[PDB]
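Let's start with one chain on its own, the form deposited in one PDB entry, as structure tokens.
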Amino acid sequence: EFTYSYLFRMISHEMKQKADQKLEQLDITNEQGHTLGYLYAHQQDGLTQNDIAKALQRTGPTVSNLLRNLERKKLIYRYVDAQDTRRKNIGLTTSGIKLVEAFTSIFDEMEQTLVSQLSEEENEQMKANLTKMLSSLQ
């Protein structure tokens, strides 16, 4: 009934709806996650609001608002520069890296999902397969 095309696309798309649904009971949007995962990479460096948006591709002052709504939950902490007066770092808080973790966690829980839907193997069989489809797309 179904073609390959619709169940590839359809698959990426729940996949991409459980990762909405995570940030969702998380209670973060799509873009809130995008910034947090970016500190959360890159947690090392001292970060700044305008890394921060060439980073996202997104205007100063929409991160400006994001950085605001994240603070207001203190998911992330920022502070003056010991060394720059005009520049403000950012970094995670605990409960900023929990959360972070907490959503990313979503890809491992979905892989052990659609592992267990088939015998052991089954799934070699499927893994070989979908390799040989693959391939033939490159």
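Each form is matched to the other, and the largest set of C-alpha atoms that superpose within 1.5 Å is called the rigid core. Numbering follows the first chain given and starts at 1. First, how it differs from the form deposited in another entry.
Only 87, out of 58, 87, 42, 98, shows a C-alpha shift of 2 Å or more between the two forms on alignment of the rigid core. A movement of the C-alpha atom of residue 111 reaching 2 angstroms or beyond is seen between the two forms when the two forms are aligned on their rigid core.
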Given for the second form:
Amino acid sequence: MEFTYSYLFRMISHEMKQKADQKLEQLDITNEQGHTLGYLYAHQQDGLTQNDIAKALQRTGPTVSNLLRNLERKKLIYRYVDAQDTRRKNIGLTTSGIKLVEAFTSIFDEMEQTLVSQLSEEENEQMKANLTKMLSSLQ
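What does the same protein look like in the form deposited in another entry, given that the last one was the form deposited in one PDB entry?
Lone chain follows.
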């Protein structure tokens, strides 16, 4: 009983996407909001402004601003005085903002771990190398 790669990949992709989507709906955030909060989670130590976020997210002014205004309304982010330079304000995560990205991250992380656990360190390595080769041919 042998199945095509198409079938197997499609089944796996559908099972994982449904799992991810089912959980994102629970968090009431998008992948755009997730990646935004994520970039903050990762780089807010650098002292981020709206311009920095815009340059990073490849998004326009008011769109970034609407995205930011929505996130601040949900008390997920806040603005604060820069310690190095009091004259300016930076954007940072709230406590609830941090818990959200971590939950957001865990969803994709636990899904990865569940799969990684099934194979050895070399089997995982070989697998990804092979998935990479196949995808590359598909272009």
